[PDB]
Every structure is written in structure tokens, then in C-alpha cells.
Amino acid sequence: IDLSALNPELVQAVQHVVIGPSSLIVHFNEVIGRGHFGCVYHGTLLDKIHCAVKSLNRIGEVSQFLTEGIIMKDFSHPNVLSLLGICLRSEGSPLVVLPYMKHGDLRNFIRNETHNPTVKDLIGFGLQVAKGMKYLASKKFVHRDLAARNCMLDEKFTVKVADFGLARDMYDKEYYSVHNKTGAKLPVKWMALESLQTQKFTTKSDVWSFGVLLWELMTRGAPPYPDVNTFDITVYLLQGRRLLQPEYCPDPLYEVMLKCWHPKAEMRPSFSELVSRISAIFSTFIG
């Protein structure tokens, strides 16, 4: 680490993000996650806390890497995945240390035959995601890749918006398509009309993605637009089409989704308004 290279004011924060090699025991033997940029393994962190250790070696400016960690550690919210820190290993790229999420990613959880979340439960997961996104949006942070696959659940079934900062990766390559002109691999079925056209992402395009995530929840993890092929989604939507109302999605919740998919970005609801609206719908259910 070169503390001279960093922003002078961020030098203090480094001792809080850096995890000493002796503090962390990473179990490389068993793999719990597969990403494009690297695998993730079981980890034991001295404090004994169970954690997930992500490799990034499958890096760039080290000063930039550390600052990314510092920003990420400053986030603290029950529905946002935290960063426990970064462990530097001599011989290999640095490791990202995240809290262990017992019940995997949200999409696989709702697709699990052995778990039977109620309609209320699924609306509840939707609310938690809206809450985490409200926090992140207030921090002027733009996720760019909000989807059910990219949220995770701890032992208490608490839903945390994940897959951002140093944890950012492609964890299911099927849903990422190569753009023609710029080669970027984009999650086109979660993307807002404008983002498909310009590749510019905003909080308002996160809101569109959140609409699709609500749909995944209500369909219990069904793939959006199966009958559609990659970048043909712009044409499909422009025909005047949206995802259909899932069988058990409450009418008010479908209206929420449609609002999230408003043609005008600025007319989509804020994450605050979504929290409000969804909490009300949630409150009408029992069980």
C-alpha cells in the first residue's frame, strides 16, 4: 500500500478496511460462488465470524481499488450487503471479504422447491430491496445491475442488495449480452429503454430494474421475456409491451411495476415512494 498515492483525507480510513493476513482463514477447498472475475470461498475471520471471500484474479490502480473499498465500507444499511474488508496476499490479487449469506441469492431462493414463501413474504422481499435501494440512491449511488440474482439472503432471511462495488460481477452469464458497438456485457432484460439506447445508467434506470425484480418475485424466479432474444428487447418494448401480471401479483403491485417501467425516466417513482407504496400493499396481507 502506498498511502502517498491516496487522497490525503482517506488515508485514515485504510486501517479500517484492511484485513491482516493472520485475521482471515479462507477455505479455498470448497467453492460457494462462481463469477466472471473470480470465485468466492468460505472464510473464517478472527473477531469467530463466518464470511465469504471473493477472488478477483480471473486489478488496476491499487489506490483506486482501496478507495472503492473505503466508499463501500461507509455504506451501512440492513438491506445493503456490507464490506467487512480487504485482505492483501503477497503472490496474487487482493481478496474481498463479505458477510456470509446463508440462503444464497434471492432468485434461487424463490425458485427453491423446499422453501414456500407466501405472497406476503415475496412482497416483503420486494420491500426490503426497495429499502436497500432507497439507502443507496440517497448516497447518490447507482447500482446498474439490480436483479433478483444480485440480491442475497442471510440466516434471518433478510434481503440485502448485493453485487456492487468490489463485489460486482456477472454471477449468471446467461443474462448478459454483448453490445455491438462497444462490446460491454449488459443485462438487457433488466434495463430501461433509455439505457438500452445510450448505455447511460441512472437511479431512475435502477427503478426500472426494480420493477422487473418485483416481477421475478411474484413469478417465483421465472425468466423475464423468454420468447425474446437479447437486444430485440428494445423493439419488443417499443411495440407497446410490458411484462404481464403474474397470477398472484396484487393489482396495486402490478400498477407499481408499470410505474417503474414508465417511458419517461423522470416520471418513474423514487425508491422512497416505492417503499411507501409497497409497505401499504404489504400491510393488507396476513400470513
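Here the rigid core means the biggest group of C-alpha atoms that line up within 1.5 Å when the two forms are laid on top of each other. Positions refer to the first chain, counted from 1. Only residues modelled in both forms are compared. First, how it differs from the form deposited in another entry.
- Rigid core superposed between the two forms, residues 154, 121, 194, 172 considered: the one with a C-alpha shift of 2 Å or more is 172.
- Once the cores line up, the CA of residue 251 ends up less than 2 angstroms apart between the two forms.
- Superposition on the rigid core between the two forms places the CA atom of residue 38 2 Å or more away from its counterpart.
- Superposed on the core, the two forms differ at residue 29: its CA moves 2 Å or more between the two forms.
- When the two forms are fitted on their rigid core, the residues between the two forms that move as runs of three or more, each C-alpha shifted by 2 Å or more, fall in 10 to 13, 28 to 39, 172 to 177.
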The other form holds:
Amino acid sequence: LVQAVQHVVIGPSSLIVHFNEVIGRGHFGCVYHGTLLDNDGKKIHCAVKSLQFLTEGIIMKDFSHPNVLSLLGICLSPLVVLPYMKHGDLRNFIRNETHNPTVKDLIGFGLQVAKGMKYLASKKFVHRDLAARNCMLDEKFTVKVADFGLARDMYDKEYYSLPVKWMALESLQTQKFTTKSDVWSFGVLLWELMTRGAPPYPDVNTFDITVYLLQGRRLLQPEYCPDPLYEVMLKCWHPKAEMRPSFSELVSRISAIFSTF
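Moving from the form deposited in one PDB entry to the form deposited in another entry:
Below you will find a single chain and nothing else.
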């Protein structure tokens, strides 16, 4: 096993961790700036986090897609090495008053998420916590689906003293997660993108959501959301999991809507 993990392991001579400085001033907890040296001697700016882990490492290392956050490696508390994301999380970015993304830009972000999700689904990977705050943006504003495998619990803060509104009806009732339940969460994420990061169901309790959805009540169309995109969101919130579109069908449908702008 210590053999099979070698290609995931980063040698202490290849990584300089800057333990004296955190990224995003506490927003992501104790995540440090880091410098990783590759085989050609190129310096890679990275984010280093302190945390059977060696196995989630092997699997995550082989997951490569431009819309999925990659795992740069692990250093043996053991350390998780990830690419540096210049513009932090997607929820934070769309909420920031300073930024003015267009309806096209917002749809483009949703398409990149669908592409990242289409790739994870093909590798039979179930996310379980898909939401705007769990997606990152790099220097070129490329969306990376994050908060899975070794990069999970990004927002778990240490003290001294379930994302139910993104969950599918069957997941709320049986605690079982599938690709079809990630399709439901993707619908909620599209709704967040179109509302520029507004909270879903603000007047409904986390305990009242099951009864609210069983009554056939759903998130309402955002003001600036095109009609075909809203039709796609409602398909994602269908009560029968088998009736929901697949992630590949989502990419096809969303890319054709994106191309009309």
C-alpha cells in the first residue's frame, strides 16, 4: 500500500509549506499558502491543509478534469496539497457587490459545474454536498467542483468552547445519496447562481423542508433567469429520481442555452 501511494506522496524536499500564513483570512480555516516544486523545477502556488486516507488519496489523485479541483498530493498530522484558487469560492464571488457577472457568465459557471459533475458521475463518484460555496474559481475564472474526497469539510472551524436545503426528497427520507440526488443539488446550485447567491427557502425551517417538498412546492424562478434554464431546474427537482436528467443531458441542455447569448 505504502508502495501504491508513492505517486500521491509529495516528498518534504518538493514542498515548502508557509505555516505562518493562512489563505482567505479564516474563511476556510487553517489552510496555508504553499510552494510545490514539480519535476521541471516549476514553482506551483498551492493550498495546504492539515487533516484509509491513503486510499481516498489514490482514487482522488486519478480524478483529472478542468472543472474538478485536482489533488496535487499528500505529505506524510498528514497534509493535503491542492491548487491555489485565486478567487476563492463561487458563492462568495457571486455575492460580492463589487463583481457584476452577466446572465451569460452565471450560466457559464453552471455549465462548468455540470461538466465537472458529468465527469465525477462517469467515474461513479457521488458528491453528497454539491452547492455554490463548494465550488472554486481560479485566476482565469474557471470553475472547479470542490469539497469531496480529501478536500472535504472546507468550512469546518475549530473552537475553544447536513445541507438539507440542497438535498433530494429521497435523501431527506432515507439518508441515501446517488448521482440522481446530486442532480437535485445541481438544480439548487443553478438557482443560487441565477439569484447571485441568495439563500434557498429562507422562510422554511430545515425540519419543514420534507413536508414543503412533499406538497409539491419548489424554488421559484429568479427574476433574471431564462425560461428554458428554469425548465431544467424543475426537471432536477422531480420527486422520482429516475425521471431526473443525467449530468450528460444537463451539459447538452445547458450548453445549447449558453450558446443563445
